[PDB]
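Okay, here's what each chain looks like letter by letter:
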Amino acid sequence: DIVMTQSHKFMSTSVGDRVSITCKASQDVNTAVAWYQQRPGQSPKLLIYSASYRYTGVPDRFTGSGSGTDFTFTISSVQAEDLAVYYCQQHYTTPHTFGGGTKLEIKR
Amino acid sequence: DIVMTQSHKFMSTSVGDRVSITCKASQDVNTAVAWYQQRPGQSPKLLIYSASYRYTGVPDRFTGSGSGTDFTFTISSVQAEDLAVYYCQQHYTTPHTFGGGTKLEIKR
Amino acid sequence: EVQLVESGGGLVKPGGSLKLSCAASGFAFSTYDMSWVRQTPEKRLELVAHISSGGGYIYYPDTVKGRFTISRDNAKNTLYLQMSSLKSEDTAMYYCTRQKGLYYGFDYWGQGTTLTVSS
Amino acid sequence: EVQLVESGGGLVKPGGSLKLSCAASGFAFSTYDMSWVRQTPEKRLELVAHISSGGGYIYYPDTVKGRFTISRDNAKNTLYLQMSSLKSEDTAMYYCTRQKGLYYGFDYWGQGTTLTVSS
Amino acid sequence: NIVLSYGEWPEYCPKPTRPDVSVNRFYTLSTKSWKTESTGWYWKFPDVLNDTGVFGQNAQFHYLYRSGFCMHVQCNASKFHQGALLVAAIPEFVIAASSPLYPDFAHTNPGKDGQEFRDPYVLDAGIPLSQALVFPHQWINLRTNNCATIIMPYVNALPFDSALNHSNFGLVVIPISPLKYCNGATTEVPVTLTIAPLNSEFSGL
Amino acid sequence: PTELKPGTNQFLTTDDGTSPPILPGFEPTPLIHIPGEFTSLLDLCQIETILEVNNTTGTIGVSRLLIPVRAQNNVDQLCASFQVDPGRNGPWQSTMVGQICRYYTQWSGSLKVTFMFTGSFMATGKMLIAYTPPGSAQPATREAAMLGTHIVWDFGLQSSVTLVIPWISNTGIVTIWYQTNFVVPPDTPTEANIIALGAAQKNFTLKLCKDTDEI
Amino acid sequence: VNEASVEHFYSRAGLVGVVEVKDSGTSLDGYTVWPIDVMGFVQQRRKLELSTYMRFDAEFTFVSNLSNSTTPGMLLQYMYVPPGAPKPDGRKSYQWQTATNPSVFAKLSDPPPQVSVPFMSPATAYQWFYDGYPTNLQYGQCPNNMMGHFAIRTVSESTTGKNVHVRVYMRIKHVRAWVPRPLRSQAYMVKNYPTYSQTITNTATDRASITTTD
Amino acid sequence: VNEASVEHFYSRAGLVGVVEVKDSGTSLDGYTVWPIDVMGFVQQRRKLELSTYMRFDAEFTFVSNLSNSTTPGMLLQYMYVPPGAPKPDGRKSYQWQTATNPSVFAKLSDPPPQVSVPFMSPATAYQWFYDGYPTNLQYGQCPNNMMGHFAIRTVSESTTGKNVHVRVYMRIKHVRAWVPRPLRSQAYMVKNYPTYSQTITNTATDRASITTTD
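Chains as they are written, first to last, in PDB author numbering: chain L, 1 to 29, 36 to 57, 65 to 72, 74 to 80, 83 to 109, 114 to 128; chain L', 1 to 29, 36 to 57, 65 to 72, 74 to 80, 83 to 109, 114 to 128; chain H, 1 to 9, 11 to 30, 35 to 59, 62 to 72, 74 to 110, 112 to 128; chain H', 1 to 9, 11 to 30, 35 to 59, 62 to 72, 74 to 110, 112 to 128; chain B, 30 to 43, 52 to 137, 146 to 250; chain C, 3 to 172, 189 to 233; chain A, 71 to 205, 214 to 292; chain A', 71 to 205, 214 to 292. A prime marks a further copy of an entry chain.
No lab work stands behind these hints: they were computed from the structure.
It cannot be assumed that every hint is accurate.
[Claimed, not checked] As a list, the in silico SDA-like pairs of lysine to any residue whose alpha-carbon atoms are at most 20 angstroms apart:
1. B:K116 to C:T15
2. A:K117 to C:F40
3. L:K123 to L:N36
4. C:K220 to A:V71
5. A':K240 to L:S26
6. H:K72 to A':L85
7. A:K117 to C:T15
8. A':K177 to A:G143
9. A:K92 to A':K240
10. C:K225 to A:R82
11. A:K157 to A':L85
12. H':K48 to L':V101
13. A':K92 to L:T114
14. L':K123 to L':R75
15. C:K228 to A:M248
16. C:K225 to C:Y105
17. A':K251 to C:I24
18. A':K269 to H:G74
19. A:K251 to A:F132
20. H':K108 to H':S128
21. H':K72 to H':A83
22. A:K251 to C:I233
23. A:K269 to C:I233
24. C:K225 to A:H78
25. A:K117 to C:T230
26. L':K51 to H':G27
27. L:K51 to H:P46
28. L':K123 to H':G27
29. H':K48 to L':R75
30. H':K48 to L':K127
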């Protein structure tokens with residue numbers, strides 16, 4: 001398989017701030039990656055897939079970029097609703117594989 | 001499509017100074039890019055197209079450079097007439117796409 | 001709009018077999038590939054099974072390979089998962105998802122149902 | 001020197018249709038490709054339509072595709089845009105531009122005319 | 030005097054029954070009145086004979102048939118009337134709809158009473174009329190000849206086909222030069238038609 | 003032991019080559035006789051098709067096919083005229099030969115133009131049909147026309163008449195003059211209508227296929 | 071006199087349609103299916119409706135390359151789904167193999183593939199005009223003209239980043255035409271139906287009077 | 071009437087099996103051995119059991135490429151181990167050379183290799199059904223049908239980082255069939271034995287009553 005590892009199990013920020021998360025690929029995945043939003047006690051939603066492109070209906075403050085083995089998921093402006101666990105995916109080949121998860125921290 | 005994003009919605013400078021703006025490409029555009043001058047309440051003029066080359070009649075203090085996905089538009093010496101919104105274009109493929121715009125600030 | 005519901009999940014003892022059934026409404030159900042995803046208690050997510058839109064292609068990961077079976081019926085708008093020989097690590101909550109192809114990201118996710126393997 | 005003027009723009014209610022007409026003087030008008042560009046109230050700029058110099064090729068973006077129509081007459085030195093089924097986002101000011109090819114930058118821009126879709 | 034369509038005589042195709058006998062008799066359809074304002078008519082048989090006579094008794098109860106037609110159109114008008122008609126038999130005649146979406150079934154199979162053209166200039170098939178002479182045709186010119194006769198053989202890809210679906214061809218009568226008559230003359234010049242199916246066959250009762 | 007010439011791997015759009023059968027041992031459904039087979043376009047040019055000589059502004063339709071002729075209380079007048087180029091835009095666009103000569107750069111050969119008279123059986127008159135060679139302007143008045151090629155066409159006797167034009171290469191004019199007044203007994207419609215039919219002769223030929231602008 | 075023949079008149083090869091796989095960007099599917107439509111372009115359509123019945127064998131060629139007009143070696147599978155057999159669901163669907171579906175494996179580096187389709191119809195000839203119903215959407219539809227879908231895919235295993243354009247050329251051999259038909263004056267509205275616009279267009283371009291010429 | 075012949079019925083070439091070397095990732099071995107199995111796919115198996123005895127020469131082709139469907143030049147050795155000779159132990163084993171093992175050296179860049187195997191069996195024909203024991215695992219096993227293993231390897235010297243997929247096509251020539259056999263209704267359980275599931279499946283799909291039709 002091909003392992004997608006995320007650097008930070010936790011990150012802290014506050015409202016209005018800007019935070020960006022990475023993802024690291026076991027080998028070259036080309037541009038195929040996806041980022042997920044799992045709110046506490048909820049089915050994880052799709053946000054951004056295949057490097065920059067974002068799924069229909071995702072608000074514009076959610077952005078992502080990268083290529084090759086090094087990826088990034090950028091939040092322009094943090095809000096309250098933004099607290100949840102994030103995951104990065106590899107759809108480059114079968115079987116698909118998910119990252120370890122990343123949880124935001126809003127410190128007031 | 002292919003999105004051209006500009007880093008800064010605003011930049012500040014003064015007369016005689018030197019300012020340079022970037023542009024960022026969603027994928028590899036080769037050298038095709040163009041930079042526009044939109045003065046307030048006016049039809050946006052063409053300045054520099056296809057990386065370095067500049068259109069006929071554009072003054074020499076306007077320069078640009080780059083290649084690949086990372087571009088730059090350089091003003092050697094700022095003057096008063098230089099206040100306006102700038103845009104970067106992708107003519108690499114159809115459909116064409118414009119950047120979000122960048123507005124100068126002269127602080128006296 | 002769209003509804004993905006599932007059933008059958011619940012406590013079970015080792016070795017048993019259980020049929021998780023997913024039902025969908027609000028879209029044309035023969036035009037989308039489908040899949041199952043289970044979330045371990047550590048919240049580590051992993052794939053379970055995959056089927057094509059019209062039943063052409065069916066993919067299993069190496070761990071569950074041969075132990076499970078997946079099938080769907082375009083007439084009943086259902087997605088069935090037949091799974092047997094449950095070991096310890098087979099406990100997690102199972103989501104019923106939807107895709108437009110192999112490599113597209115999963116857009117929808119069922120509310121999910123738990124599964125538990127214990128004495 | 002060169003003049004690009006346009007007309008027809011003005012307030013209109015949803016569903017209507019309106020013909021923006023651009024007229025040019027000061028250059029040979035059959036030797037240049039032409040295009041329309043609209044500037045949203047956020048000043049975000051986007052393409053509208055494109056036609057070749059001699062009417063060979065006509066390109067529409069995916070959003071306006074099939075909803076609009078563009079045409080030109082080399083005898084009248086005019087560029088006509090037939091546009092119908094106006095939605096909310098179709099309001100912006102429309103510029104009449106000029107090119108030497110597909112991929113050349115736009116050198117000239119009409120003074121532009123506004124368009125508004127509201128009850 | 031007579032136009033053999035495409036230079037052939039209809040013939041049998043060497052168990053299908055050959056009725057002969059009473060399906061070889063002439064049938065006289067109702068007489069259409071050609072006014073000064075009137076424009077066009079068309080029929081599209083095998084349709085017209087589906088209800089009438091013993092023929093319709095064959096064509097409704099048989100799953101397949103082969104046939105050929107001899108059609109005769111004549112127009113009685115005194116010598117003080119002018120005007121001319123064009124009579125043509127156009128195989129595989131598929132009509133269309135105008136737009137500001147398909148033709149209503151009354152326009153596809155009119156029946157024994159024919160139908161009026163909506164746009165005779167384009168035939169309402171989209172093709173121009175000026176070129177419609179490429180099909181077998183005859184001129185009825187009210188100062189010269191009052192009769193037009195055509196023999197159309199069986200033209201179709203398959204050897205046999207059913208009467209209730211594929212209508213082998215159609216027939217048009219278009220008054221290309223309108224009718225004018227001085228005051229007091231009879232207002233309407235009648236047009237009549239006669240068809241006598243040749244060498245018919247049927248199978249699959 | 004061979005060598006490869008400079009033209010090896012090009013794919014030439016008009017290839018006239020050979021290709022592998024995709025389904026060997028497959029049996030097409032065999033032929034049966036279908037009447038009407040036409041092997042060459044050059045027969046279609048030889049059948050006559052109604053010609054639009056009218057084609058004026060606001061003439062609507064199905065009235066464009068026929069030229070009006072009436073009693074004009076004037077002895078010598080020009081009824082109608084049209085130039086003889088089949089390909090060139092104009093009346094001949096409604097013919098057949100007019101259309102399939104838009105598909106070829108060059109043509110040649112003689113043409114045939116036939117007239118009918120729709121008027122009532124009682125009517126009588128004389129039309130002078132005159133043709134002008136391609137290097138000259140159309141005649142002034144009939145006294146200039148009757149010197150050239152012409153045929154006097156008489157209604158009461160002859161109801162259709164044919165004028166063969168000698169030659170065309172890749189221009190010429192045919193005019194229709196009133197020779198005499200249009201004479202009718204009482205209680206008769208006073209105006210007739212003449213229709214024209216164009217066609218190509220046997221020696222008409224085509225060259226150098228080209229796709230057309232009609233569409 | 072030899073360029074007026076129906077055989078020469080339909081001769082030359084032309085562009086029947088342009089199809090694209092696009093497995094790289096927002097659409098990752100990775101294959102495409104292209105139902106054979108000879109009518110695809112209104113120019114090729116107007117020359118066919120000249121004749122009502124015609125019987126011909128076809129010959130195809132696929133000219134392919136990336137978005138750069140750059141052609142690196144990477145493998146393609148051109149499959150021909152004959153009329154009456156099921157279509158591929160997804161890029162891995164088991165239909166891509168079977169037996170009876172004839173396929174062509176060609177690298178991009180090679181000169182273009184070429185292949186020859188026989189005459190597929192049950193009836194002795196095609197029909198471009200079929201009156202009457204097949205048994214109002216139905217009116218005038220030939221069920222028996224379907225020639226097959228030419229499904230394409232790129233064997234390389236998962237998610238290449240390369241959108242591959244491909245062009246498809248056709249040429250008609252051994253053609254035989256039957257009863258002729260006059261050419262179409264009115265513009266086309268939709269693909270499968272003759273329906274013509276309300277407003278009529280004249281056939282000839284008007285002039286000033288019945289008299290003046292040039 | 072020529073498409074019902076047994077010779078045409080088995081004709082077309084098809085996919086017998088897909089094998090992979092995978093020398094790059096967690097499995098570094100660097101070769102593979104693929105025992106020829108014509109029964110590989112249950113579709114090809116059901117058409118063969120139609121006839122009991124059949125005698126045919128085979129012809130093979132190997133379509134190969136990387137995981138990208140990208141085919142750079144790198145060398146492969148396709149060896150054919152005839153029935154009754156020892157198999158290669160490891161990528162360097164001395165069996166890879168010998169003499170009697172016919173091999174095919176083909177770069178990936180080249181169009182696919184192709185080769186023709188003769189009829190290998192001692193008996194005058196193959197047997198797809200052999201009653202009785204070869205001398214209960216043994217019951218109904220033909221020892222004499224083995225056709226050889228087609229071992230493959232990549233000559234390039236040590237640990238390339240490239241997993242190389244390869245597909246193998248077969249087509250049957252000169253076929254001659256003997257006593258016919260009825261087709262199989264029940265589903266298959268395992269490869270080498272007819273054994274069928276307990277629960278029986280009907281041959282025809284049921285209807286409402288002995289009377290109603292449609």
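Against the structure, the hints come out as follows:
1. In summary, the hint linking B:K116 to C:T15 is not supported, as the alpha carbons are separated by about 63 angstroms, beyond the 20 angstroms threshold.
2. Only pairs whose Cα atoms come within 20 angstroms are accepted, and A:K117 paired with C:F40 is accepted, the gap being roughly 15 angstroms.
3. Of the supplied pair hints, the one linking L:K123 and L:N36 is violated, its CA atoms being roughly 26 angstroms apart against a limit of 20 angstroms.
4. With a C-alpha separation of about 11 angstroms, the suggested pair C:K220 and A:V71 falls inside the 20 angstroms cut-off, and the hint holds.
5. Proximity of A':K240 to L:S26 is assessed by CA-CA distance (about 16 angstroms); at most 20 angstroms being required, the pair is judged to hold.
6. Between the alpha carbons of H:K72 and A':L85 the distance comes to roughly 23 angstroms, so the proposed pair goes past 20 angstroms and is violated.
7. Distance hint between A:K117 and C:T15 is fulfilled; the C-alpha atoms sit about 19 angstroms from each other, no more than 20 angstroms.
8. The straight-line distance between the Cα atoms of A':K177 and A:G143 is roughly 13 angstroms, inside the 20 angstroms bound, and the hint therefore holds.
9. For the hint pairing A:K92 with A':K240, the CA-to-CA distance comes to about 25 angstroms; that exceeds 20 angstroms, so the pair is violated.
10. Under the criterion of a C-alpha separation no larger than 20 angstroms, the hint pairing C:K225 with A:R82 is consistent with the structure, at around 15 angstroms.
11. As the CA atoms of A:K157 and A':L85 are separated by approximately 18 angstroms, the hinted pair is consistent with the 20 angstroms bound.
12. Under the criterion of a C-alpha separation no larger than 20 angstroms, the hint pairing H':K48 with L':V101 is consistent with the structure, at around 10 angstroms.
13. Restraint check for A':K92 and L:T114: satisfied, since their Cα atoms lie roughly 15 angstroms apart, inside the 20 angstroms limit.
14. The straight-line distance between the Cα atoms of L':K123 and L':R75 is roughly 18 angstroms, inside the 20 angstroms bound, and the hint therefore holds.
15. Taking the CA atoms of C:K228 and A:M248, the gap is near 18 angstroms; set against the 20 angstroms cutoff, the hint holds.
16. Between the alpha carbons of C:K225 and C:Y105 the distance comes to roughly 9 angstroms, so the proposed pair stays at or under 20 angstroms and holds.
17. Taken as a hint, the A':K251 and C:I24 pair is honoured in the structure, with Cα atoms around 18 angstroms apart against an allowance of 20 angstroms.
18. With a CA separation close to 16 angstroms, the supplied pair A':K269 and H:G74 stays within the 20 angstroms bound.
19. For the suggested pair A:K251 and A:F132, the alpha carbons sit about 18 angstroms apart, so the restraint of at most 20 angstroms is met.
20. For the proposed pair H':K108 and H':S128, the alpha carbon gap of about 39 angstroms is over 20 angstroms, so the pair is violated.
21. Between H':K72 and H':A83, the direct Cα distance comes to roughly 27 angstroms. Violation of the 20 angstroms bound is thereby established for this hinted pair.
22. For the suggested pair A:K251 and C:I233, the alpha carbons sit about 25 angstroms apart, so the restraint of at most 20 angstroms is broken.
23. Restraint check: the Cα-Cα separation between A:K269 and C:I233 comes to about 15 angstroms, which is no more than 20 angstroms; the hinted pair holds.
24. For the hint linking C:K225 to A:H78, the alpha-carbon distance of about 12 angstroms falls within 20 angstroms, and the restraint holds.
25. Restraint check for A:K117 and C:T230: the C-alpha separation of about 10 angstroms stays at or below 20 angstroms, so the hint holds.
26. Taken as a hint, the L':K51 and H':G27 pair is honoured in the structure, with Cα atoms around 18 angstroms apart against an allowance of 20 angstroms.
27. Under the criterion of a C-alpha separation no larger than 20 angstroms, the hint pairing L:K51 with H:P46 is consistent with the structure, at around 19 angstroms.
28. For the proposed pair L':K123 and H':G27, the alpha carbon gap of about 32 angstroms is over 20 angstroms, so the pair is violated.
29. Between H':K48 and L':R75 the CA atoms are separated by roughly 26 angstroms; this puts the pair beyond 20 angstroms, and the hint is violated.
30. At roughly 24 angstroms between alpha-carbon atoms, H':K48 and L':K127 are farther apart than 20 angstroms, so this suggested pair is violated.
Of the numbered hints given earlier, the model fails hints 1, 3, 6, 9, 20, 21, 22, 28, 29 and 30; all others are met.
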